[PDB]
Each structure stands twice: as C-alpha cells, then as structure tokens.
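One protein chain is absent from this view; the other protein chains keep their places.
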Amino acid sequence: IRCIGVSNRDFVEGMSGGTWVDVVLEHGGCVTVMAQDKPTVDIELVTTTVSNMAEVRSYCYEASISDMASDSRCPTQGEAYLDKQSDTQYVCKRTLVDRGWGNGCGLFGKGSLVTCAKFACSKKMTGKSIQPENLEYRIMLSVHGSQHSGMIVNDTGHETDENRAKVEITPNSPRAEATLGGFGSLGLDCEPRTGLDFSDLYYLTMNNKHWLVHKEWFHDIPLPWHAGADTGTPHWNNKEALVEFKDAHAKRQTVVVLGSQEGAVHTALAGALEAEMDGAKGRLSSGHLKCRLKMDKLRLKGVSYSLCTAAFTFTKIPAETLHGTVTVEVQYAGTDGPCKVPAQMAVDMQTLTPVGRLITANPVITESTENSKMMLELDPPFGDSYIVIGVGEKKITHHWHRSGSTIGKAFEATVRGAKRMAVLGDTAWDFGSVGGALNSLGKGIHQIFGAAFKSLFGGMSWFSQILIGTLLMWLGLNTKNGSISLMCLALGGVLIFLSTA
Amino acid sequence: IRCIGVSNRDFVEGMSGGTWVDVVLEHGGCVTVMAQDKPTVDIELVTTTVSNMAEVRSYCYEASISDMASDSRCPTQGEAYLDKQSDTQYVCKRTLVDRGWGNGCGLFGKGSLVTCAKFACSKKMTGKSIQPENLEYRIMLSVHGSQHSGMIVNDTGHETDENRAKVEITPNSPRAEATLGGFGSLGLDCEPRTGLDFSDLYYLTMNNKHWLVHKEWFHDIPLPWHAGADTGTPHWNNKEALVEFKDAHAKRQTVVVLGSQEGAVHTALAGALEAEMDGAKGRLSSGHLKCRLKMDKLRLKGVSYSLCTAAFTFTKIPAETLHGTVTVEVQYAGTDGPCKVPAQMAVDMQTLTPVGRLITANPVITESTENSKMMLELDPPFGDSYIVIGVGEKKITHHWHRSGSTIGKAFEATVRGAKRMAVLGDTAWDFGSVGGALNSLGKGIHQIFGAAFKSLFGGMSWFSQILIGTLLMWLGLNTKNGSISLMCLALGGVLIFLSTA
Amino acid sequence: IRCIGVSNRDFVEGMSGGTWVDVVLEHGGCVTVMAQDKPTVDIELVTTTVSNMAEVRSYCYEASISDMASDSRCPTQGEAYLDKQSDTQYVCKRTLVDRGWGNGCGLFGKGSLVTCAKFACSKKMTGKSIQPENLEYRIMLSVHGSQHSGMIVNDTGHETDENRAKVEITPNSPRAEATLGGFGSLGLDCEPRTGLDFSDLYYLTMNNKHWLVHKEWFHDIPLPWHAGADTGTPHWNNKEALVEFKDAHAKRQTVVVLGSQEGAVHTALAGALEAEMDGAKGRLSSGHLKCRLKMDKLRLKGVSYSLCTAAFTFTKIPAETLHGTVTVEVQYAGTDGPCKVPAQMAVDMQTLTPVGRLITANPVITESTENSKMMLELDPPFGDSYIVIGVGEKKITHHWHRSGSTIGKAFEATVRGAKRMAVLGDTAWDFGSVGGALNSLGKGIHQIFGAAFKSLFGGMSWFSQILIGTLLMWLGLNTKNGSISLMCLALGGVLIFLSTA
Amino acid sequence: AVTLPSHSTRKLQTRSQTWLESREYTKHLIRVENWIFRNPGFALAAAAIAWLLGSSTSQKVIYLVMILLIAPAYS
Amino acid sequence: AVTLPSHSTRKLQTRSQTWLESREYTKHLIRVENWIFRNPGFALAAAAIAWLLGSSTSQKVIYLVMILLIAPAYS
Partner (left out) sequence: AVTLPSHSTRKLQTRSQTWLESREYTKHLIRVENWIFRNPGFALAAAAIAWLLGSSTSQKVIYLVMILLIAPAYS
C-alpha cells in the first residue's frame, strides 16, 4: 500500500539494532520496511512544501521603449545632455557622429550625439529565496496487513482508517511519532535541514510557472534587474543589454527593443527542477531525506486469533510486480471475528513446506461483514511455486512462476544500488543499519573523495561530461602504468554519472 | 556636393581611355570622379529598393496551447488514441507510464499514455524571397562647379535645379544616361545582378522589423514552420520543439508552452543587415555595385567666360575635410553675367604659381542677382599654403595648412585600400581603369585564391576567426619549413579580415 | 483407450514416490501411467482453450486509394500545401520537380510538388493478446480395464460410464481431482502458467483464419497499423509503405496501391502454429504441460471376483501396436456376475509361466448380459510367445511374435527420448519420479546451458541452422587447440535440433 | 515495400506441425539453385575473391562458399 | 546580449525528471551536425592543423576532433 505499482522499490531488511534502521526517501520512490518485530510498514514521501519565501532581485523578461529623442552640440562641444539623462529610467548612450557643414555647423570631423529613451519593463521574473527554516515535509505511510486492495491509493481519512498516517516534518522538529492505531507507533526521526541541499536554490517564477535554480546562475544573468526590495516603482540597475542603441555611418543613432527574451530563460533553464505552488507556499517535488526510522513500538495486531475458516476465493487473480513481488486479493466469505489468514508459498503440493519470504506480515481480515477482502503480497522463490491460502479441504491454490534467480536477482539489485550512488552520493550509504565499519567508512571514504570530484570535475553534463570522460579512458589504454591506474578509473567515474539517464 | 562631409571618400583620377573609368559604389560612401577636361562629378548610391517579393516558409515566434487531454489503456494494450490525434493541429506524444492496481487495472509494470493539445500560433515570422529580377537601385549624382553650398544636401528638385539627377538602375537595363542639363550627359553602365550578391538572401520580418538572412540559416531553424504558400489556416509542420510535453515519475505527463521565443531570433540574428520597408516594396541599405562610368560627353560648364570682377568675400570661413580637401564659400558681389571665378592654391605670395590640384573643375557663378554664392573645393599641399581668389587688387586670400605629406598620405590611402579588399574582395580591383595587366590579373589571381578562402575557412568571425587565425601565426614561428611560409602568411589573411572593425 | 493407435506413446513406470509420478503432456501424444498400485490410467491432452482476449494494434492487408490531387508553387516555395494535408488520413509526399517556362513560370528551375491521396484500408488483420490468466486446458482421461474396444474413441459418456472423466485445468486452480467412479480418484496437479510458454504469443487473425506469433515479430512489421484501442474510425500510423508515391522525370508524381499484401503475411508466417476458434474464445492445438500426477487413491475394481468361466473367443483377431504392445478383444459368453478374466502371456507350455508384462491391470468384464466384450492389451517378450485366455479346458490361445529385442528396444527408446529433449528441453526431465540427483541436476545443468544456447545461437532453422551448424563440425576436425573439444560437440548440438523433423 | 520479416526467426516449437513445414525445408535452398542457373558469373569470379582472401586451403574455401552464398542474397 | 548562461552547468539532481530531459540529450550534438553540413571547409583544412600539431597518430587525432569540435561554437 502506497507501494506496489510505484515501481521504484526499496526493500530494507530488518535491523537487529533495536528499530534503529535508517532509510532514505525520494519523492519518486518509496521504501518498505520489513521487520519480523513489526508489521511491514510502507513509507513514501509525497510533497515538500516551502513557505514564507522572500523576494531577491527580479528581472525583465520583456522590454518596452517609449520616447526616443536626441541632440548634438556639433564638433567642439561635449555631448549636449538631454533632460532625459537626469531622471534615470532612461537609457542613454553618447556616441561620436560626423556632422559636416550642411549638417549645420563647420568642423567636419566628428561631433557627438546623445540619444535617450524611456525604459519601462513588461511582465517580469522575480526570484525568491528559500531558507531551511519554514521548510516542511509530508510523509504518508501505510501498513500492508489486511485492507481492501482498492484502498491502495486514497487520502480520504489520512486521519483514520486501518492505520495510514500523514506525518509532518519541519526543521524545529526532526521527529514525529506516527501513531497507527492498534499497531502502536513508528518512531521516526529525519534531518530536514540536511538532505534536500537547500540554501543554494532560489525559487524562480516566470509568468505563471516555476522552477528551482542553483545560485551562481540566478545571481549572474545579464538582464535588467530590479533591486527587489521595493515594489513601488522600478528603479532599475542594468537597463542596457535588453536595449541595444545602435547606429551606422550617418546622422542617426537608432534604438531597438529586443522583443522580450521570455523564450530564452526557458531554453536557458536546463537541469532545473520545476516547482508548482498555490499561493504563498510552493510545493516542490524532488525527494531527499535521511530518516532514521525507530521501529521500537510496533504491535502486530494479527496475533492471538484463530485461522479463518474455509471460504477463500481469489479476486483479480494474482499478478507480478516490478522487482518480482506478487500481490493477491482474497475474499474470505467465511465470517468470524477478525481472523488470521493462512498463506504459504509452497515449493510442492503434498506436504506444504514454507518456501520463500511472505511479506505482508500477518494478514488479518478485520470485519464481521461475512464477506471481506484482504490484499496480502509475498515474494516466492525463483522456480515454479504455488501460492496457497487456507488450511481446510476447501483451500484454494494458484500456480505462479518467477523469472530469474540468484545472479539474476543480484545484477538488478547491483544496478539500482549504483543508481543511488549516482543520484545521491554521500547519504546513499544510509540504508544499512547501525554503525558497521564498512558502512561507517563507506560514507567516510566517499564524502571526501566525493567533494573533490564535486569540485575538480563537475562542469556540465551530457555531451560535456562524456567527452572529458571519454578522453580520460583513452589515457588508461595509453600512457605509462603509474597514472593509467587512476585515469582509466576516473573515466568510469565520469561515464557512470553520464549513464544515469 | 552629395560629398564633402560624407567622410567615406574615394577619389578616382584615371580618366584615360575614352571615358572608360569603372567605379564601385557603397551605400555608406561615395566616389568623386575628377578628370582633366570634364567637370568633377559626384556619385553616391542612396537606396536599393526591392519589390515584388514572395513568401517562403514562415515561423511561429510565440506558441499557444489550448486543450490538454489524455487517456490510457492499461498494461498490455496499445496507446489508446484520442480523437485529437486525427485532426493534426494537435501535438501528441505517446509515452510509457506505470499504472499499478489502484491506478485501476492489474499488471503493475508499465502502460501507455497519449496526451494531446491543440496548438495555435501567436504572431509569426514570415520569410520572403528576393530575386534578382524586380530589383532596383537609386543613384543620385551631382556636380561641384559652385552651386550654393547650402544645397549640398537636398532632394526638392532632383531633376531641374543645379546639375543633379536621380538615376534608376534595374536589371532589364544596366545602363542609364543621366542628362545633367548643359553639362551634357554622363554615360553610366552598372551590373545590377552581380554586385549585391543576392539570391542567397531571404528577406525576413519579425513583428514590425526587418532583416536579411543568408540562406542555410533561415532554411534551417528549429521552430514550427507554416508551409507558406497558403494563408487560409495554418497546417503546420514541426509543431513539436516549440512545445515540450514532459512528465515526472508518476501518472502525469505535462505540457509546456515555452513563452514565445521572440527574444531568441533577435539574439540569434548577428551579422544580418538591418532593413526597412515602405509596404510591398522594401529598401535595404547596404551598397554594392560595379558601375563602369562613361565620361564621354561632358561639356565644361565654365568655358568662354570672362573673369568675375573683384569683390570676393568668405562666408563661414574655410574648413578642412576628412581626407584633407578644403572647401570654400565665396560670395561675389560682382554684378556681371554668369562668370568664371579665378582660384589658385599658391605656395608663397608675389608671383602666384599654381600649387596643388584645384578640384572643383571650373567654378562658374551663374546668376545675374549681383550677389551670389559658389562653393568650390580644392586640395592644397602640406606646407603653409595660401588659398587665393580673384585677380584684381581687391583680391582676398586666406592661409591654410595641411597636416601630413608624402609617406603620410600613402599610409592613410594604403589602409583604405586594404579596407576595400576586406569587405569587398573580388570586385575591389574595379577602380583602376581599362585593361591593365596588373589590374587584369589583379582580379584574376584574387578570385581564385579568394573563393578557396571563402570555403576552407569562412566559418565565423570575432573570437572564432581570431583564434583559428592566431594559432596559425604560431605555426609560422615554430615548426620547420615549407608550411612555415604559407601558414605564417595565412594568419595575416585571417587577422586582417578580423581587423576590419 | 484414448491410446493405442495414437502412435505417439509414452509409458511411465511408477508407484514409488507415493504416486508422486510427474508427467508431461503434448497435444500430439499421450502418456499411459502403469502402476501396480493402480489400474493403468490413460492420460491425453485434447484442446487448450484461450478466452477473454484483447486487441493489440492491427494492420491493413489491402490498401485502397481514393482521390489524388496536387499543386505546385513554382521555383523555391514552401511546397504549396493542399487542404488534404490537414485531415491526416491522406498520404502526402513533397518532392522537387522541374517547372520550366511554359510549365507556367520563370526559372524553369526546380520547384516543388505536393501530391496527396485519401487512404482507406480494406479488410484488416488484428492481433490479439493472450494472457496467462483466463487460460484453460482440457484433459480427457480413461482407464483400460476392459470396456468395449469400440468405445476407444468417444465423447458421449464424458460424464459417466466406466473410466472417462474430462478434467479442466486453469490458472486459479492448478489441481483437479478426477473422480472415476469406483476406481477412486486420480490426484492431478498441473502448472498452467509455466508450460505453454505464453505471454510471448500474440493471437493473430487474417481473413477467417488464425495463427500464433512470437512477439518481436508481430510487434515489428512494416504495414499501416491502426492503434487498435478504438474501432470508431481508423486513424492510422504509418500509412506509407503500403502506398508508394513515385515519379518519373517531367511534371508528374504518381501513386500506386500495391494490391494488398495478403499473400505476403501468409508466406511470411513460418514456424507459426495454426489455430482455430469458436467465438470470443479460441482453441489452439499444441500441447505442453507439467503435470504431477498423484496416484494416491486408486482402487482396483477387479479384486475379489472369481475367474470368468470358460467361453472366450477372439473378435477381430489380435494386432500389433506401434511401440510393440498388443491389443486383444475377447467376448466371454460366460454368463456370470461381473468377473475377472485370466490372461497370461506364456513362453511355450513346458510350464505355463507368466512371461512379459501384462498391462491392462486386471481385466474385469462388467455385465450380466451373458455376452460381453473386454479389450485388454499386453506387451509380450521379444521372441515368439503365446497369448492365452482362460483357465478351463475350453481356453483359447493365439500365437504372437515380436520383432526386436534388448538393444533393439533401447535405440527406439533412445531416439524418442532425445526427441523430447529436442521438442521440449528443460521440462523434458520431468518424466522421472521423485527427487533423484541425476534427475535433479538433470534439469539443473540443462536449464543453464540451455538458455545460453537459446540466446547465442537461436537465429533460425532449416538451411540457416544446418549451415552455422555444419561449419562448426569442421572446426572440430581442424583447429589444434583444445576448444576443439567444445566446437566439435556444439555442431551435434545444432545438427540434432535440425534433425528433429 | 518488402518488409514482413520472416517469422521463422522465432519459431514456435511444439509437436503439431508448424505453418509451412514442407516448403520451409527447400525454401532457403531453392532460391540459390535458381539464381546461379541465371548467372554463372558471380561463381566464375568468386574464386578470384577467394584465392586473394585468406590464402589457405579450407580457410580460403569458406569464402568461396560464403561469397556464392551471400551473392543471391540482399543482405 | 546572449550569455544567458546555461543552467546545465549546475544541474539540480534528483529523481523527478529535470526541466528539459529530452532535448538536453541531442542539443549539444545537433548543433554540430548542422554547422558542418553548412561548411565542409573547416573540416577539410582541419587535418592540416592536425598533421602539423602533435605529429603522432592518436595524439595528432585528438586535435582533429578538438578542432572540428571547437569550430562550431562561440567558444
């Protein structure tokens, strides 16, 4: 639930460290925590809201020019200043121009023109600052057990039903204890200020759209920029460079508007997150967090029941999921008080031995309605196997088959792992529990070597990264044998970051 | 006249063969023809009009999107086509998207979305074709003599007053003979189809502005382009690429407008002439022509007169011009029939010997008004020389001084010459008269070596040309031999074309 | 019964692993289970029905063209678009064509044509998807004993009359217990989702015929394809490539229909099973299943009877069957309650001794009718032997002779075995009972080595397989180095798969 | 155009005879045995391509088979 | 002016697809594949710059790639 079809999957084996399992969350994906001490809990990030933003600079997408005038003082005579040079708000450019004879005055060598034009912006684009304070998060979480598979995605109740809970996390409170009624409460601790890498991202608005921008982009761009602190009337900086006052060899100096740029900023922004809003608070969607999940108090609600009688008949027939798990709907007609539901993935028929992990924890259909549904899911072994439900002679079974095995399941897990290293780095070591040396130094040797790679290289991507990447791999084949050790590796370092896709 | 202050000056003094002098004309400058026995004639190009243009392709500066809708058939189907895919006029993109269970249907692996949006352009930019036929030119020409210096620039009477004439030249008529009444008629032959290098220039219109564009630019640009031949309703090609339909890891596929590009096309156009137009027709201004001027019939409008009595005064005092010529206004109060005016540039006093060229031809004040003006101009020497006017004891003189000499006047003429080679090449050999071998092979060895340089190099300008330029000059210093001869020269070839400025 | 003449025979000796005997079934053949604990049971597959199919893509077998029109804009010009380019549904191709002079417009240079034609399909071919769910099977099974040999093939008592039960097997139920009244019930477990190798087979319909197609065939074919999800009106993809718009060299661009392709798809399909269907459902015939037959409860109904008196006659005389078994009809005129029938295959008579297996289990004629028939069959030894019936001085015997022996019967069994490896692979290890190591690793070492051979090789068959096959066998004779040990074997690997026939 | 790749590439394999079993045996061969009878030539010069390629016995024969075989083909 | 530097330099990296993912793959390549089709020249003389620079095989090739690559661009 809040899982299955999402297709970006992370399973995090239990943690014998006392519910100290630490997990990363990405707005794309979700991680399911399976712990024998617990019912399997499904965590997913949803929306990271930002509120109480402030304005920083701004720009002019579309220039507009008003009144063009000029004067010239003839040869010997500075550039006669128009009145329009005293009001600011007017572009002015003083150039040298021939006024010969019948241009009205002797000395046919070179005079001076001063042309000026009122400059009034049209539309605008206003950056906004995002600070780690007044930053929020929203984590919805749910628990597999027994529940109408039709409820897999819903929000009506976020504060009720089986156990779903909507957890908020904001700076001044890294922790929230989510109480899922009857399952106890999942201790949850998250570092809001760390993960998302803010303070480097200005929040940016073109006309009725939004983005995010690394600073040292939005701080340096060549357009007219309002000072941003006062909205009364624009007193611009710049004000050239969206207006080109040019002239050929004659008596004229002309001036051009440039026809906004609004198409440029778009085509300029690349690799920039697009963020929607709804008034004063903007909801990004790109997930990052480091959450240490405390599994301490979780009370299985499916213990101390009988086994639900015979009357189990699948619905929607089973299906395969993504990483290979299987889901099942079962409608137990037999009605009693909430009754535990036997399910076993069996590698045979006669004597049914448990084969393969059953991860719903303990499915328990809670209704008196005499007709109920429970969606339990389980991952059977690679070879052909049966899914079995029930204990009585009326039990019903289904045959199901898994594709790959062993080395098969390793590669697919070895790719996604490296995918994390690609998208995260650093914190990507935070799945593993406790303090393990290999995990301790894992973030250790990575953060140092990483930042250096986040400075030396780190110029650009796509055809930029691959080139400087590919050329290094050449040095490995050639050159001595002392440097071709590091270089021929560094290529892979780059190429992999280009192979994310 | 139509000269002096223009400051881009070309003197042509080679009236050898039966008035065969050949001259080039550039909308910036003007060439004055001064030939012993013939009044000095001032030629200048003005405006090259193009008419009867036709439309070729067009583009969409500003995209606009209308109705976004989508459907999805769930895993295992094809992409369910909306009705909107049958009308064209709609962008559509079929992508793969996870629909897991409570997305409504089993098989949580990957389905398909088809999103579509009506696409309606806003504004437009429409190229136009220019053909050598229906191409015109306008050459205004005037003759020094002595008309009223206040008339140096006027048009009110380009066919009556003074000796001005407005000559048209269009393909189906390379020749125009301008009858300047009483001076005879200047035989004029020009190659319209050759000089301006058309057929490679599409005429281009953004909103209320104009340009010129080398083909292989305007033919290849990535925007939606109307087919251009029918204005009834747009049936676009392209369509995409001004509209980016993008999605995020979810059930959604979004679509964006891109906020015109109108700022791009501007900032894209560089090294494209500006242009203006007065309706169906339009007036470029960049001059190029090869005109072989036939000086055959020109009558001296100042022979067989007396010498105007004594009564000369300066009005506005003399002045220096540009390349070093001097102009003079003189008001002869002498009441006589139209009469010849003595002027001599004499270095010294007593025995006034003629010193330096007098180029007005023969100044002849034509009025009976008893008070008249004549503007005659002349180029004296460097050393403090006198300008003298009159023959009687009442004659009045002025002292005037020239800056440089000899090697001085050569360099300034050696730069302008190379300037022509710069933005001219080829035809820049066409000033010299007749058939001279050195001039014959001059265009000869140049056109061949030139075109090769117009293909091998010729990529770009500014920081592009200089680099590939500067690196070659390195090859000239280093290396061994052979190329060290050609390369070290080729640098200068490039650097000079970069040194035009 | 449901056996004998079928001529594709599999005998499975079993009654060890508590009836754990596992058997494969092929729509061509049938396997008979002989177990001392049981009456000999004859299993055969019949028809595998597929239901609840869905449509995927489709194609156009026969193109039809309607209205051809064109226009041309002369010389360079955005190919003048016809209105017919805005409706889709029209092919259009823009080409370059000379229009000289009296073609109506100057510059008889190269212009552009745009020709368009309405495109409306005729007939169609619509793929359909087959999913492992809603997949069925039909297994008819019967038991030798002695029923009337004329009943060997019938379907009237499918639900009644001695051994003859029709078992269904569909996913959501791998098991069915077939109750043969009085013999108990044969426990039967089958993996429906595994054997037939579905999900790779689209179900395909030309006009009034059917097929099966491996995907990556039907997914990639070059014809116009409807999107398949909506039947309202075709909005095609493709729509070229069944229509060739081609031109000569003058003023014309012509267009051709191509005269369906319906003959191509046929001649294209090769190695695709034939198929037939009745309505929404359709019945393939190619068998594959892995059925683990539970022989647990089978009660011989021929125990605790007397021996039927003396009065046996042959009707139709004995005969030889295929793999060498013999069938006998016997009409016991003995009027008695249902009674046991003695039969022994005797070697001579020096001492009436049982010789060779009697496989009908215990023939018991059940009637009071005083004239009855029982068809019992048995496999006598290689040498000459007698078939004997009855224990009374009225007993009647027949002499019968078998062809080969020992090494004879091994080769014929060694070929059919390898035939299974050829047609199945993998599961072909599933005849043997229980868990035997040699059988355990048998599928083990095969599945790995097999799939690799199902990827590296596996391009094609017939003259494709043999060639790449035969060339390898050359490398075995030659070469030098050890790999020769693998290659010279790999040839046999290929040649055998070509030797299936 | 031509297209319609031959389904023989992925050949559904089971006991029941496939679509065309009979024609599928000679259909790859018969094409060659015609195209040669039309043009003897590509064979006549084939050896020249052969003897100048690989230059050893069998290793130079496999060409003269590979060439005359790729000759009647369009790939 | 132009400049308007490309935000791709610092590319915000997370799971959600960035602003233009699709066009960002070919946008650096497509520019070159045009500018050459317009001017074959800078390639034709490139080798001359190459063969006179670095004068060894690959070490002399990396130029002929670096040159034709620095050729179509304001850099």
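Think of it as A, B, C, D and E in the order they're written, each chain with its own count starting at 1.
Quick note on the criterion: contacts are C-beta pairs under 8 Å (C-beta built on N, C-alpha and C of every residue); 3 or more make two chains touch, one makes a residue touch a chain.
Undergrad: So one chain is hidden, and I want to know which residue out of B:94, B:166, B:214 or B:446 touches that hidden chain in the complete assembly.
TA: B:214
Undergrad: Among B:145, B:287, B:318 or B:334, exactly one should touch the missing chain; which is it?
TA: Looking across B:145, B:287, B:318 or B:334, the contact with the absent chain belongs to B:287.
Undergrad: Could you tell me which of E:32, E:43, E:45 or E:47 touches the chain that is not displayed?
TA: Result: among the candidates, E:32 touches the missing chain.
Undergrad: Tell me which residue among B:68, B:74, B:352 or B:471 touches the hidden chain in the full complex.
TA: The single option touching the absent chain is B:471.
Undergrad: Under the stated touch rule, tell me which residues of chain E contact the chain that is not displayed.
TA: 1-3, 5-6, 9-10, 20, 23, 26-32, 34-35, 38-39, 53-56, 59, 62-63, 66-67, 69-70, 72-75
Undergrad: For the chain that got dropped from the picture, name the residues of chain A it touches.
TA: Within chain A, the residues touching the omitted chain are 216, 220, 241, 244, 246-249, 267, 455-460, 463-464, 467-468, 471-472, 475, 479, 483, 487.
Undergrad: Which chain B residues touch the hidden chain?
TA: Residues touching the hidden chain, for chain B, are 8, 26-29, 201, 211-214, 216-217, 220-223, 241, 261, 264-265, 267-274, 285-288, 423, 459-464, 471, 474, 478.
Everything below uses one rule, namely that only the chains that are shown with their structure count from here on.
Undergrad: Out of A-E and A-C, which chain pair has the most contact pairs?
TA: Contact tally favours A-E.
Undergrad: Need the CA-centroid distance for the pair chain B / chain C, whole Å please.
TA: Each chain's C-alpha centroid was found; their separation is 82 Å.
Undergrad: Compute the distance, rounded to whole Å, between the mean C-alpha positions of chain A and chain C.
TA: Result: the chain centres lie 51 Å from each other.
Undergrad: Once you find the CA centre of chain B and the CA centre of chain E, what distance in Å lies between them?
TA: 33
Undergrad: Going through chain E residue by residue, note those that touch at least 2 other chains and give them in order.
TA: Answer for chain E, listing residues that touch two or more other chains: 1, 4, 15-16, 19-20.
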